[PDB]
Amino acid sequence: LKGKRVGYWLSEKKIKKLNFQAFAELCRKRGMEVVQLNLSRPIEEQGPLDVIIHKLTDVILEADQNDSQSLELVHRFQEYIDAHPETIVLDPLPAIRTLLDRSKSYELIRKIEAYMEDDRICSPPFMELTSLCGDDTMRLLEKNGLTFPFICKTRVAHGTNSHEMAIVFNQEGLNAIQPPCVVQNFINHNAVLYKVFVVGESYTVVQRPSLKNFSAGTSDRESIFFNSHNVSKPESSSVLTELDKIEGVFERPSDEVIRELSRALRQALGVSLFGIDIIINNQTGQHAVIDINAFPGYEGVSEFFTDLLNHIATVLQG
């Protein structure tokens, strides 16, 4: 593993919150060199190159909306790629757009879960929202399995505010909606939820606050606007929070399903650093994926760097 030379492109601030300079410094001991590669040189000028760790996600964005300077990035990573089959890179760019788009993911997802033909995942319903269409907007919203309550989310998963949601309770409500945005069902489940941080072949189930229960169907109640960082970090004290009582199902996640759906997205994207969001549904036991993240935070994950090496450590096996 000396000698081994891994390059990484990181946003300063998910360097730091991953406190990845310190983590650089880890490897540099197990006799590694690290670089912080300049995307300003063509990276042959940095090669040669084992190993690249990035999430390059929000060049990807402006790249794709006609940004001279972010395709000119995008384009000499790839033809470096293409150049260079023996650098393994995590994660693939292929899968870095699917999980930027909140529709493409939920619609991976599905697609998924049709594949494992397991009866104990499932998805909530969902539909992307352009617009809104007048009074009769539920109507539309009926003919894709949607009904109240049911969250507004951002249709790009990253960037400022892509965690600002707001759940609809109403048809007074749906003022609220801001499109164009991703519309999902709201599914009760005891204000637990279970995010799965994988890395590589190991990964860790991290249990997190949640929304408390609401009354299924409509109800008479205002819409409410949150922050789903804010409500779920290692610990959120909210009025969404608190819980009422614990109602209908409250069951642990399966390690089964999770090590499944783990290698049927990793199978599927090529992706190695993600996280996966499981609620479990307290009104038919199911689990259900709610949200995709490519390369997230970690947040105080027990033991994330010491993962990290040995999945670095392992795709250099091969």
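Take the two forms, find the largest set of C-alpha atoms that superpose within 1.5 Å, and that set is the rigid core. Positions refer to the first chain, counted from 1. Compared with the form deposited in another entry:
Superposed on the rigid core, the two forms differ between these two forms by 2 Å or more at the C-alpha of one listed residue only; from 244, 142, 201, 72 that residue is 72.
Once both forms are fitted on their core, a CA shift of 2 Å or more is seen for residue 27 between these two forms.
Relative to the superposed rigid core, residue 63 undergoes a CA displacement of at least 2 Å between these two forms.
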Contents of the next structure:
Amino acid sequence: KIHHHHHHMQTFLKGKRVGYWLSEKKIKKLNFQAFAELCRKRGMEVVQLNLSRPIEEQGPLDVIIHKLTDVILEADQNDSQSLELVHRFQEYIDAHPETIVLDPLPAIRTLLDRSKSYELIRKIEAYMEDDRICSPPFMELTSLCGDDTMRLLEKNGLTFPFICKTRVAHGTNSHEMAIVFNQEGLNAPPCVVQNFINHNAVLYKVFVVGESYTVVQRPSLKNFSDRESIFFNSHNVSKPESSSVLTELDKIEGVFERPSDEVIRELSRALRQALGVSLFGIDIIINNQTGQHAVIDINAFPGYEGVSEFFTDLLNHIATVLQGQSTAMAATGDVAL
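Follow the form deposited in one PDB entry with the form deposited in another entry, if you could.
The text that comes after this line covers the one chain and nothing more.
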């Protein structure tokens, strides 16, 4: 009852060349060298790219795998070195349409800004019109709180409690968040605000590798107010070993179910097809009042901690994308639901 296989498309991996750009920290966390070993066994060449060096000489490349997210974010902040790297990368990609990029920079850029990403998820969900899915109201606050803040929140469907997150979606200075419970709590901007959804303190990290995904359960904020706003760093909340009073559920309340694979599949397809990403995660929580799936976070090329099949899935996705290119499997028109 696994019906999709890759043995045949894996036969074309021989002689293919894969370039990757990952930070040394990410190479370590992934044990990416072990993936490189796996590919060599199928007759692939894998090489780490150096974006300080002309890229022509480093190719030909059939595929590039990267996580340039933070270099892009630095280049956005006018870091001269990062700009140089991105320009070089971009020049090369532009010159080599035959090179499959996992994932395209336009796709990456969508996930760099929380508000933009949440709006894309909202639009995608409106298009899918599945009553099993909900988009928590969200908005971006740019001005410091004041006399009009309450009415601004209200007209955008923001309610207490809501969680405050940075607009920048990754890197240094992206993990500090707040939960605001009442009007007095409104000193906690700029930031994105998103209605807090009680979900019985279980996060379902959907780790997507192209055509396959793995769901990994993580600790998550408890259910919840004259109380002081809560400030926390998301590093401390939803890691495998995370444990704190913020994630200790008092008791199961309301609807408590696991996510629907049918729903995850439709979300995965729609996000992949609309945005062009393939190596990403979406964080799903199950609303305890409605049972609906809420996507509260989307991340380009995350850690995949707990995804033991990550390497074989990655290899299968490289085989698939090569198969797609070889047979001109380009999508046309709108996302086909």
